[PDB]
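Chemist: So you can see what is in the structure, the chains are spelled out below.
Protein chains: 2
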Amino acid sequence: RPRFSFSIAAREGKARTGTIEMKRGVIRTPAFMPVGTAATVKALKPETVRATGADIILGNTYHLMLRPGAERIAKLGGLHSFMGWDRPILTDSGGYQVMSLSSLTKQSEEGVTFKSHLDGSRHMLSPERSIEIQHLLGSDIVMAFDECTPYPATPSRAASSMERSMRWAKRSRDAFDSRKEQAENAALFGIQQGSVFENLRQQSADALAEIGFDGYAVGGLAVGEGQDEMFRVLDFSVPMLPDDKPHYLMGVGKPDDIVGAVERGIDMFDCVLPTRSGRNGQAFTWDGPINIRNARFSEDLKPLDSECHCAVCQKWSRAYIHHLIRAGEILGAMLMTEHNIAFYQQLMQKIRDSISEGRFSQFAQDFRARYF
Amino acid sequence: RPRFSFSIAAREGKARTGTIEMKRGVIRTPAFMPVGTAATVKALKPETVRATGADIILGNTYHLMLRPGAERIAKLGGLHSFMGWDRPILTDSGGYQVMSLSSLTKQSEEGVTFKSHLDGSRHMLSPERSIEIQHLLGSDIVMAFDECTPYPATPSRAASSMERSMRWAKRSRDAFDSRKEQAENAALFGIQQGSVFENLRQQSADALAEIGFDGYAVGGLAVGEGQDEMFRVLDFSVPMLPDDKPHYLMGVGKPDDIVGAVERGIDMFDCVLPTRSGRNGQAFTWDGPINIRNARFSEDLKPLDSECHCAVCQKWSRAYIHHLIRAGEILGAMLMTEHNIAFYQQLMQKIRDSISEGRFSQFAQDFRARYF
Ligand SMILES: Nc1cc(N)c2c(=O)[nH][nH]c(=O)c2c1
Ligand SMILES: Nc1cc(N)c2c(=O)[nH][nH]c(=O)c2c1
Ligand SMILES: [Zn+2]
Ligand SMILES: [Zn+2]
Numbered sequence: 011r012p013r014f015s016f017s018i019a020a021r022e023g024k025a026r027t028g029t030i031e032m033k034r035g036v037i038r039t040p041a042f043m044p045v046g047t048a049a050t051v052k053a054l055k056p057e058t059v060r061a062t063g064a065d066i067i068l069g070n071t072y073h074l075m076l077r078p079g080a081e082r083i084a085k086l087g088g089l090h091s092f093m094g095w096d097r098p099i100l101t102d103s104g105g106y107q108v109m110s111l112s113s114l115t116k117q118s119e120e121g122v123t124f125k126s127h128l129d130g131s132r133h134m135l136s137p138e139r140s141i142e143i144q145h146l147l148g149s150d151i152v153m154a155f156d157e158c159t160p161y162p163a164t165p166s167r168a169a170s171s172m173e174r175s176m177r178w179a180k181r182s183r184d185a186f187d188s189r190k191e192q193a194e195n196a197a198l199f200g201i202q203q204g205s206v207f208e209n210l211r212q213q214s215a216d217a218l219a220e221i222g223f224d225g226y227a228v229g230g231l232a233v234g235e236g237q238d239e240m241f242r243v244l245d246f247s248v249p250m251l252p253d254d255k256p257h258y259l260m261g262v263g264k265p266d267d268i269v270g271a272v273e274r275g276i277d278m279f280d281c282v283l284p285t286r287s288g289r290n291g292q293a294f295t296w297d298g299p300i301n302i303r304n305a306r307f308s309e310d311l312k313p314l315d316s317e318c319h320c321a322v323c324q325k326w327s328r329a330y331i332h333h334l335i336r337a338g339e340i341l342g343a344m345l346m347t348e349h350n351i352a353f354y355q356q357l358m359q360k361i362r363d364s365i366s367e368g369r370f371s372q373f374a375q376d377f378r379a380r381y382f
Numbered sequence: 011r012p013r014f015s016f017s018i019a020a021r022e023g024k025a026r027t028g029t030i031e032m033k034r035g036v037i038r039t040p041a042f043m044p045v046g047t048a049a050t051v052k053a054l055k056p057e058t059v060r061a062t063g064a065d066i067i068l069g070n071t072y073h074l075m076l077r078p079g080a081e082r083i084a085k086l087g088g089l090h091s092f093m094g095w096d097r098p099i100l101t102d103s104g105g106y107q108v109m110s111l112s113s114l115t116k117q118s119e120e121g122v123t124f125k126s127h128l129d130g131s132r133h134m135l136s137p138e139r140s141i142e143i144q145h146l147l148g149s150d151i152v153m154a155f156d157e158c159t160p161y162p163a164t165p166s167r168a169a170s171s172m173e174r175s176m177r178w179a180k181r182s183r184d185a186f187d188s189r190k191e192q193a194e195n196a197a198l199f200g201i202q203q204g205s206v207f208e209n210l211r212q213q214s215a216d217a218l219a220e221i222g223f224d225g226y227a228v229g230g231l232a233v234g235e236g237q238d239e240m241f242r243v244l245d246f247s248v249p250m251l252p253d254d255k256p257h258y259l260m261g262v263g264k265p266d267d268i269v270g271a272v273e274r275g276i277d278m279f280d281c282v283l284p285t286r287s288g289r290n291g292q293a294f295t296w297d298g299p300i301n302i303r304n305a306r307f308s309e310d311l312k313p314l315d316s317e318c319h320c321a322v323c324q325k326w327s328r329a330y331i332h333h334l335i336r337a338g339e340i341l342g343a344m345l346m347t348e349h350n351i352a353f354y355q356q357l358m359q360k361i362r363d364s365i366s367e368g369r370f371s372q373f374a375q376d377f378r379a380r381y382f
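Just so you know, the protein sequences line up as chains A and A', in that order. A prime marks a further copy of an entry chain. All residue numbers for the first sequence refer to the deposited numbering, where the first residue is 11 and numbers rise by one. All residue numbers for the second sequence refer to the deposited numbering, where the first residue is 11 and numbers rise by one.
A few of these clues could be false.
[Said to hold, decoys possible] In silico DSBU-like cross-links for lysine-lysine, where the CA-CA straight-line distance does not exceed 35 Å:
| hint | chain 1 | residue 1 | chain 2 | residue 2 |
| --- | --- | --- | --- | --- |
| 1 | A' | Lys180 | A' | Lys116 |
| 2 | A | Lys312 | A | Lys325 |
| 3 | A | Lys24 | A | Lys85 |
| 4 | A' | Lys325 | A' | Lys24 |
| 5 | A' | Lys125 | A | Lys312 |
| 6 | A' | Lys312 | A | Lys33 |
| 7 | A | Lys360 | A' | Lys325 |
| 8 | A | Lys125 | A | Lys190 |
| 9 | A' | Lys24 | A | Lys325 |
| 10 | A | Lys85 | A' | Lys325 |
| 11 | A | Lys325 | A' | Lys85 |
| 12 | A | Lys325 | A' | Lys325 |
| 13 | A | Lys190 | A' | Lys325 |
| 14 | A | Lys325 | A' | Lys360 |
| 15 | A' | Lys190 | A | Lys125 |
| 16 | A' | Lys33 | A | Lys325 |
| 17 | A | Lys85 | A' | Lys116 |
| 18 | A | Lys325 | A' | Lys190 |
| 19 | A' | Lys85 | A | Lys312 |
| 20 | A | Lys312 | A' | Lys190 |
| 21 | A' | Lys325 | A | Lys33 |
| 22 | A | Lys264 | A' | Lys325 |
| 23 | A | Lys190 | A | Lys33 |
| 24 | A | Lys85 | A | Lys125 |
| 25 | A' | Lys33 | A | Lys312 |
| 26 | A' | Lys312 | A | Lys190 |
| 27 | A | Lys125 | A | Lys325 |
Keep in mind the hints are simulated off the structure, nothing from the lab.
In isolation and in its complexed conformation, chain A is listed as follows:
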């Protein structure tokens, strides 16, 4: 396969369905990427993640540079080898989690200096270091290092962050290209910023396209603005990005958000929702999510979802998983997670098929009628 090749097979309105070919595998889009936090998709062996239908997973750069270490993972043969996942891996830049999880973050034009929320150590993450860490990890899709703008943002602050992000996008591009091995085997995605302001999003899109990237992510969303606002922003933002390249909506995972995002042109998604779902009792079903911990499921012999085809719904009942979760049993987490990720992948398959068949709009309608 080629280093990177995105092809759209079918369309319906703004929605697209196709594939991304990379050296390590083919990615069917719209795609959902399970998140591997500390070099592991929570409570799941990589073979199980693949069994759910996943073509690609996301790796958190922030956690990896801290815990085992980027250099260490490289010495061990790369993240793929390390965790046992031989398919594509998209890695975030680490920046977003630096601003969310780390201590004493000192920001500058050069990058960001911060303290670990673990050992209390110190690191100087920058566009160059982030690209380098992602290289050390052996990432297939590398995200440009940016600065996520907090919501709500004033036009002036949103402009400054976006402008800095565009400058950092150029530095990310150059860092990526100067590393021969990485440029020849991996892909690079740029990230659009501009908060909720149309003019800023347009300037960001133009700057990104001018630099040139393999894919374009819509950043700065799913940060407290609500679905209506997110959709309103996506309405004008997605059309600004190059049509022939993948559109990636970062940190978006509620089923209804994904459906609406695909209707607006998004091809890729990632979220912790599925993994953190079965950690509190939340299991997704076609009739809406349910909290397995509720007493009404103590003697329910039916599977988590009536039509889901995952191994969990084939083999175990709600009653058993209810008991497992309430007992604080690890198997409870394993089973809940497998089902949830499988549910998401089935959602992505239903989306891809409906687009390919020109009945996506009807699917979106039927999905919402039942889900809500």
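Since the structure of chain A is already known, use the hints to place chain A' with the ligands on it.
Modeler: Relative to chain A, chain A' with the ligands alone:
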């Protein structure tokens, strides 16, 4: 298959190797039984437990009567159906864990009344109720309800507990037999008591044989007496039990204890060691156990054990599992547990094969030379 049929295929000294045929499956002996505490073998799907080579698992009656409830499990179709394990299941009487984990235990000739260490509720466990609960669970091998004697024990107290246990063994037998369905489909094991005293063990063995059971367990050991004393007691105790029936050593699981116990006539074992091992970093190897959390394994690319054939040793390195455990990741527990249970099953296979081939004594010697 028959309700119960034990047959010895080979012998070497006191050691035996054979099979127990039951309706739900064949059990190869000497056998190691993984422990399913809250209706789950910690961090493992039942298919994975079977993949390690396990022919049978143990179910904790104490935990089950408390958490989901015996009656509830029965209404749900039995423990086998509930947890997804269709092979034999041996259930303890619940008594031992009543004296170890529960609050305010009030003992009498009728049984034991106690408070739950969970909700703080109250229950009246007796030989009749224990047998009944095990029936409700759908147990294949039912353990008689006894009274484990604390170590050290005075001759007088050991005698009183043993005598009470023999009276409770008779009540267990009668309770079991009066329940047609249970008597026709399940097996009943009696438990020998008498502490470290030879005369008491002899009286217990005689009383048990007089009543008649499908199997005989050596109870009252692995309670703080040390390996030398345990072995010394087994030396004279095992020969007192019927030779043509299975000999079960309860709560014994260190690899060296199992080897020495088999040399003394034991056919069945169960222990939490394997499951609680990979919870602190302990992984068993042929060169002795290792603590995966130790910094020396951070960049060790070799598998947990060099010759182990489990899926974990085929797919992941010490370095990865070291990181997972130190990161508090669930997959760390899943991988450590699978390997440890697989190691135990391989130990049981090496024991069975060496007995069948008349070279067990040599195996025991070689095993210890390397393990220590
Ligand atoms: N919701 C979001 C999640 C993310 N991981 C990111 C990011 O990594 N970079 N930039 C972003 O804007 C962003 C937004
Ligand atoms: N070590 C032991 C573990 C056990 N689960 C038991 C038991 O269940 N009954 N009686 C016993 O003596 C005993 C001993
Ligand atoms: Zn399912
Ligand atoms: Zn192994």
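Chemist: A separate judgement is required for each hint: does it hold in the structure or not?
Modeler: Hint check results:
{"no.": "1", "hint": "A':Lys180 to A':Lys116", "in the structure": "22 Å, holds"}
{"no.": "2", "hint": "A:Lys312 to A:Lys325", "in the structure": "10 Å, holds"}
{"no.": "3", "hint": "A:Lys24 to A:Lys85", "in the structure": "44 Å, violated"}
{"no.": "4", "hint": "A':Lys325 to A':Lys24", "in the structure": "39 Å, violated"}
{"no.": "5", "hint": "A':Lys125 to A:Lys312", "in the structure": "33 Å, holds"}
{"no.": "6", "hint": "A':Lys312 to A:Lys33", "in the structure": "27 Å, holds"}
{"no.": "7", "hint": "A:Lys360 to A':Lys325", "in the structure": "33 Å, holds"}
{"no.": "8", "hint": "A:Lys125 to A:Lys190", "in the structure": "31 Å, holds"}
{"no.": "9", "hint": "A':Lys24 to A:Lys325", "in the structure": "42 Å, violated"}
{"no.": "10", "hint": "A:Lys85 to A':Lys325", "in the structure": "18 Å, holds"}
{"no.": "11", "hint": "A:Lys325 to A':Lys85", "in the structure": "18 Å, holds"}
{"no.": "12", "hint": "A:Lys325 to A':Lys325", "in the structure": "26 Å, holds"}
{"no.": "13", "hint": "A:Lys190 to A':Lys325", "in the structure": "30 Å, holds"}
{"no.": "14", "hint": "A:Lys325 to A':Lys360", "in the structure": "33 Å, holds"}
{"no.": "15", "hint": "A':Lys190 to A:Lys125", "in the structure": "68 Å, violated"}
{"no.": "16", "hint": "A':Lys33 to A:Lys325", "in the structure": "22 Å, holds"}
{"no.": "17", "hint": "A:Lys85 to A':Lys116", "in the structure": "60 Å, violated"}
{"no.": "18", "hint": "A:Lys325 to A':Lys190", "in the structure": "30 Å, holds"}
{"no.": "19", "hint": "A':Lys85 to A:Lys312", "in the structure": "14 Å, holds"}
{"no.": "20", "hint": "A:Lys312 to A':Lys190", "in the structure": "31 Å, holds"}
{"no.": "21", "hint": "A':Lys325 to A:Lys33", "in the structure": "22 Å, holds"}
{"no.": "22", "hint": "A:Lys264 to A':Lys325", "in the structure": "33 Å, holds"}
{"no.": "23", "hint": "A:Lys190 to A:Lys33", "in the structure": "16 Å, holds"}
{"no.": "24", "hint": "A:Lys85 to A:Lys125", "in the structure": "24 Å, holds"}
{"no.": "25", "hint": "A':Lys33 to A:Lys312", "in the structure": "27 Å, holds"}
{"no.": "26", "hint": "A':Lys312 to A:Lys190", "in the structure": "31 Å, holds"}
{"no.": "27", "hint": "A:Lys125 to A:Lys325", "in the structure": "45 Å, violated"}
Violated hints, in rising order: 3, 4, 9, 15, 17 and 27; the structure is consistent with all others.
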